[PDB]
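*Asks:* So the chains spell out like this:
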Amino acid sequence: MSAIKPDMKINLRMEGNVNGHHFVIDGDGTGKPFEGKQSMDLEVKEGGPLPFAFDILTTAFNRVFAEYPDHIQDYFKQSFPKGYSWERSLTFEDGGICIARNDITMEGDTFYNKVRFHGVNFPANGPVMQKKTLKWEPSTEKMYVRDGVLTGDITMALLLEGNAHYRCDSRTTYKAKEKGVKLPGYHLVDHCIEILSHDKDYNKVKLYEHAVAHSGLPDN
Amino acid sequence: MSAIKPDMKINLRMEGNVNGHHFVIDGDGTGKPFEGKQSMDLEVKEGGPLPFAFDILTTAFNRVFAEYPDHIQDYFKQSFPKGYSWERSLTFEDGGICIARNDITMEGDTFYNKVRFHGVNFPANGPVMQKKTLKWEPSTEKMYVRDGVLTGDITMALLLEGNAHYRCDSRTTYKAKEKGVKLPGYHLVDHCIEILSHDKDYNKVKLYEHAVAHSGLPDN
Amino acid sequence: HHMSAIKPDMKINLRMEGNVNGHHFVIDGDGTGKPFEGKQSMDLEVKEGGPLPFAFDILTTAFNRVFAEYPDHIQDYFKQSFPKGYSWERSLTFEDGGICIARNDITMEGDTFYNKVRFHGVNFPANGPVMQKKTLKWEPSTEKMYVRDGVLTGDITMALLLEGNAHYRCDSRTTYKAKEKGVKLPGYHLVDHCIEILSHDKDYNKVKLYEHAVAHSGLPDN
Amino acid sequence: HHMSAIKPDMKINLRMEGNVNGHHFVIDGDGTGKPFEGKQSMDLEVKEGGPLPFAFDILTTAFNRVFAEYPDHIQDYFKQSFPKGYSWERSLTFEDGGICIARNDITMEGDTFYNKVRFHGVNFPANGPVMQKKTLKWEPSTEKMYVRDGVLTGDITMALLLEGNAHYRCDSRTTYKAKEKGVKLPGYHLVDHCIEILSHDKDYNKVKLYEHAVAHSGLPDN
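Residue numbers (the entry's author numbering), protein chains in the order written: chain D, 1 to 61, 65 to 223; chain C, 1 to 61, 65 to 223; chain B, -1 to 61, 65 to 223; chain A, -1 to 61, 65 to 223.
Calculated directly from the structure, the hints in this document are not laboratory data. Using N, Cα and C, we set each Cβ at its ideal position, and we do this for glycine too. Hints are supplied without guarantee of correctness; some may be wrong.
As the list claims (entries may be wrong) - Within a straight-line C-alpha distance of at most 30 Å, the following computed DSSO-like cross-link-like pairs (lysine-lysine) qualify: (1) 178/D with 180/C; (2) 134/B with 37/A; (3) 45/A with 117/B; (4) 117/A with 45/B; (5) 37/C with 138/C; (6) 135/A with 185/D; (7) 134/B with 182/B; (8) 178/C with 178/B; (9) 134/A with 180/B; (10) 134/B with 180/A; (11) 135/A with 178/D; (12) 178/C with 45/D; (13) 45/C with 117/D; (14) 180/D with 134/C; (15) 182/A with 134/B; (16) 182/C with 134/D; (17) 178/B with 135/A; (18) 134/D with 134/C; (19) 134/C with 45/D; (20) 180/A with 178/B; (21) 178/B with 45/A; (22) 182/D with 134/C; (23) 138/C with 134/D; (24) 203/C with 85/C; (25) 45/D with 117/C; (26) 135/C with 180/A; (27) 135/D with 178/C.
Unchecked claim - Estimated spans, in silico, between C-beta atoms of each pair: (28) 222/C with 43/A: 56 to 62 Å; (29) 35/A with 47/D: 25 to 31 Å; (30) 13/C with 163/A: 56 to 62 Å.
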């Protein structure tokens, strides 16, 4: 089928609202799907500077960029050239809850992402509205089928100032646009996301991700 | 002294997206604030007929309509003519999660509502996407202060066909537009919402609510 | 269906063995109550593990829905479960990760109810309100009774008043099972609750507890 | 200091008493393991309460993080807590309302670990996969180790494979506490797990269990 090439470009646009603050962010970058790496340049067009921690938006900024071994079905590379979409909920330990959504399409060598983001109930004295986050810690996503839908469960932790951690529970559902794409079996996906550079107000940010899929012990 | 009249008008516009489906609803009704009763005529302008259960929207369709006794601070009537807003998350037991927000203003004898609704991860064979809901059961909302913000917790239940119940946990935060409104103490608010009439596609709906505030046992 | 054999004045006899954060304890109870009026009181005494290193309030809910005023139009599943009795299982999930499970087997002989309660909790933080003894009281609450998987279930989201006008959340769920065949299952209804500690010494080795509970159908009926 | 308290080949002795949905049981365990390789095997025998009316798989993770392969750049909190030992508390939250708590007090003598385990569960529905015995195994999982309130905490989110390629969801959290003060707490890290039943009779009165655990720092390359 080909469709996916070793070097592909990414184009992204996000419109969102968190605790009543509207914002718009643009994204531009490239990535290596078969090696599971990608980078993007992010710029805030509306709502800058953001009154909350930028780290709660980073994982909404494509599982096509993941190294898949031969013994595990790649549900996301086979959903193309037509594409797919996903829906995610983010439940934080202090009551903050977010909801994300992304429609992914491809034409030529460029991926086009249309993202929506919405969060509510972050406390004013909490680390999110006070911008006390440092980074996401490494995480392992669980892939399994539920009600004929590929579902991803993952419990992440933000690192805070003072060597504290901030719990978040995530659940994502993936739906291919065309009928007939084979669903995979149970497997794990390792994740690593990191901000490389940013200005003082995070109007411009450079993001990076590395992701690899595996079967777990003892097959690592 | 009010501000609020014994008979007020209600004007409401809602935009939303549930499981990827976009929709637009308009509302027009009246209500008696000091008796805690209101009614509204709803009409689906875009996205009709709705492919999901209409019931999951009715609690997003104002605590000004609630009977408050004298010994309990009435945070919501003290918020006008300036107004207030609220944010809410709905966590259904089978993984469906909704977030909601509404900005309430006042002009003359009319309340103006701007509502946003977003939900994700509803199972395709669940009671919501299968339209197996009948009504909301009577419920009691808890009102207390959390991080300097008035908060309402309530564990509701939807009656399904066959007399089964579908649980949902709700969490709402209320923010007055002007600083200086005295926050209340712990109390409770009884709720009762009911659809009076509808077409068979739920494109036109007539909604009704009755709510009463009290202190709980052993007297009120 | 049949007769309750419940008198207007009943006695209560209770024994609880438990373990919270690794601390073992045994507490005995003795009291009286009026079932048809939904009121009951008990004198508690710690026999082992005193003085308790945790807040006493987390136990008071474990210390019988027979003591609840039921109207005529709602099925009274608990007074119909006698003279044979019933039992319940409960889980208490607190907002800072503390989780408790409880269990009680209730029988009746003569005019006295007998209770055998077990209580276990783990993962309460060392600096949390429970291990620091910063609780004040439970706030009034309303319990949801409904049938779930053929078993009568009770749902409550309670709140503990803390020092400084803070509140401590707790999510509770109880399943009720009658020991006799043929007890009718009720429909959806609510039960208002009120519990408070009347008196106590300063180490909570001796406590006097009180409760009032009334069932209704919610708005706009009752 | 001289020799380490941990040997390359160590034996395991275990005793568990518990109660699930009102059913009491007692199980004994005997096994061996290689702590530095992160592997252990055990032979289990039900002494009381056989046969168990629930799925055996819900007990297997209660049957010692000493058996884990720890690299040099990650602090090994569990091997440093001996010869005195440590304890842990755990809560298991299943997606259909079943809730479990567990304890274990671990000591050491010679080449043998001693385990004293308690287990309690409530509110498993009669039509659920645990009471119907429709579970097959635990899937491979990854445990998150981090500090919370000065206590090492392990957050793990597991999944049981069911008959018919369905999965049963479970949330678990463990707190670890060493009996000696002064053990250096580790930073954030991950622990890969693999648990599996090797053999069993028809009623699961005799079970052979095996686990493999490895600690690492997560991506990249770790």
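*Asks:* Each hint needs a verdict: does it hold in this structure or not?
*Replies:* Now for the hints, and whether the structure bears them out:
1. 178/D with 180/C: violated, 41 Å
2. 134/B with 37/A: violated, 42 Å
3. 45/A with 117/B: Distance of about 25 Å is within 30 Å: holds.
4. 117/A with 45/B: holds, 24 Å
5. 37/C with 138/C: holds, 18 Å
6. 135/A with 185/D: holds, 25 Å
7. 134/B with 182/B: violated, 44 Å
8. 178/C with 178/B: Not satisfied, since the Cα-Cα distance of roughly 44 Å exceeds 30 Å.
9. 134/A with 180/B: The given pair, whose Cα atoms are some 25 Å apart, holds under the 30 Å limit.
10. 134/B with 180/A: Between residue 134/B and residue 180/A the Cα gap is close to 23 Å, so the pair holds against 30 Å.
11. 135/A with 178/D: With a Cα-Cα distance of about 28 Å, the restraint between residue 135/A and residue 178/D holds, given a limit of 30 Å.
12. 178/C with 45/D: holds, 27 Å
13. 45/C with 117/D: holds, 24 Å
14. 180/D with 134/C: holds, 24 Å
15. 182/A with 134/B: Holds, at roughly 24 Å.
16. 182/C with 134/D: holds, 23 Å
17. 178/B with 135/A: It holds: about 24 Å lies between the C-alpha atoms, which stays within 30 Å.
18. 134/D with 134/C: Roughly 42 Å separates the two Cα atoms, so the pair is violated.
19. 134/C with 45/D: Status violated; Cα separation ~40 Å.
20. 180/A with 178/B: violated, 41 Å
21. 178/B with 45/A: Status holds; Cα separation ~28 Å.
22. 182/D with 134/C: holds, 24 Å
23. 138/C with 134/D: The given pair, whose Cα atoms are some 42 Å apart, is violated under the 30 Å limit.
24. 203/C with 85/C: This hinted pair is violated, its Cα atoms lying about 39 Å apart.
25. 45/D with 117/C: holds, 24 Å
26. 135/C with 180/A: violated, 55 Å
27. 135/D with 178/C: holds, 23 Å
28. 222/C with 43/A: 56 to 62 Å: For residue 43/A against residue 222/C, whose Cβ atoms are near 59 Å apart, the range 56 to 62 Å holds.
29. 35/A with 47/D: 25 to 31 Å: For residue 35/A and residue 47/D the Cβ distance comes to about 53 Å; the hint is violated.
30. 13/C with 163/A: 56 to 62 Å: Since residue 13/C and residue 163/A have Cβ atoms about 46 Å apart, the given range 56 to 62 Å is violated.
The structure is inconsistent with the numbered hints 1, 2, 7, 8, 18, 19, 20, 23, 24, 26, 29, 30, although it conforms to all the rest.
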